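Protein chains: 2
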Amino acid sequence: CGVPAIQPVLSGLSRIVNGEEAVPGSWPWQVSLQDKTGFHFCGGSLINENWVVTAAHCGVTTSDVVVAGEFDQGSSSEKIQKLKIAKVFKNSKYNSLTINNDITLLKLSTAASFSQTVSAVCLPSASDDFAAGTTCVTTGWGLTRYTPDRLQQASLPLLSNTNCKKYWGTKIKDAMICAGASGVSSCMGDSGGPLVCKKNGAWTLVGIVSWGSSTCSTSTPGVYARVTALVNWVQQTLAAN
Amino acid sequence: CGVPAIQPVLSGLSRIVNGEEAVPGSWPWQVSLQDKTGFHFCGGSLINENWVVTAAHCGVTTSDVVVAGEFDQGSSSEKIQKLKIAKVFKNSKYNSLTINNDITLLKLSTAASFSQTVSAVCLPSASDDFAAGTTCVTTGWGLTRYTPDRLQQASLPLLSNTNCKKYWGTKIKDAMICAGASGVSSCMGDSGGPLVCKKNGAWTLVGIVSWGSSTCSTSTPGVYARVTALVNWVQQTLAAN
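Protein chains in written order, with the entry's author numbering: chain A, 1 to 146, 151 to 245; chain A', 1 to 146, 151 to 245. A prime marks a further copy of an entry chain.
Because the hints were derived from the structure by calculation, they are not lab data. There's no promise every hint is true.
If several chains are the same, the list does not tell them apart, and a pair holds so long as it fits within one copy or across any two.
Claimed, not checked - With a straight-line Cα cutoff of 20 Å, these simulated SDA-like cross-link-like pairs (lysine to any residue) come out:
#  : residue 1 : residue 2
1  : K90       : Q34
2  : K93       : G38
3  : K36       : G74
4  : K175      : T151
5  : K79       : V65
6  : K90       : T37
7  : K175      : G38
8  : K170      : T110
9  : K203      : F41
10 : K36       : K93
11 : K84       : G2
12 : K36       : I99
13 : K90       : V65
14 : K175      : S217
15 : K175      : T144
16 : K82       : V9
17 : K84       : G173
18 : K169      : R145
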């Protein structure tokens, strides 16, 4: 996990404004969630061939579809996999008002076929420490909500929850982690999309997109579900299902 | 339906600022949705003894609870009914990005006991016309998200979808209706709470709270699911279940 066959290329432009276009296929766990009519409404991350992790506030249902291996949403020429969803597992501690414990697992009806452009992100262990100041990366098509149709990426630093509260106040709970406010927007991340940090040569999922600045401010950090706080629930869910 | 045993009292103060406190029990279809720990996160409306209608973006589950007959959330002295949810019916056309077709039905495990303070709102027919300019009412505890712990009410006018788009642009779809921008906030309405209009001596559910001004502006209208566009789905759901 966490080692793309097509290596990401992150330049200085990933650190400012609205980030930059990713190398096609270089974020191979990134999926698009689409409705039964083909409309893209959320992102997510493959954690193996049968499971996608996303945000609970996406409200995914079994009639939505997981699209893997995509780079250009406006293209009909590239190879993609449209994967039906068999069952949706929402974390029971999710709260649609505070948006805390904002994590949902999707079990696919048929496994994805992993390839150079389709593979899994690594999960952290519950006791992993991703220190404030660590540079991490968010990816997605989030800018299309407001524009490039190809997958974008941005590099941005983790904040302590104390410092994040200077921006978002009592909205920040223990099961959340914030990133950004360093001169780049977090808006390229779709709801439910990944925030990954590279430790020990592998990209690890540290956050799942919950919300960000309503104006995509380069000085307001994004807010993410804190995966280390929820990974024990993820592993219990996989083991029981 | 739509005829409270305790008649509402709506004064001039319901038309300005953040509205006014309701007469206790005078909005008897109004319910509170709470999590398994007792935390209030959404509103809804009883449409009979076994069914509550709310917003799909509330993400209600069968472990949440419907609380009927409540006036003061900070009180343990008033009579209430905590009603378990047997099954949740989300409109399949709901879209968590555009928030269109934002309606969900809750079927209770055991019927509510209707009384002076607990009874049903009326539903419109699909072809009913609630003209722009009609004065309607929204109720709820929405102000507690930001403060009075008792149920509030505000009177505000319906807008045409054309005029609503001057405020919210292409966010406004046919299955939405807007109300307000007349000197009063819409923020007293909880997510999923009612917008009712009185035609022929009965209060009819015209809207369900979807979103409003992020700053509770008195000059920005609230956006609601348009019940006339969704009532055929409601009736099919009740008849099949």
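Of the hints given before, which are not true for this structure? 8, 9, 11, 16, 17
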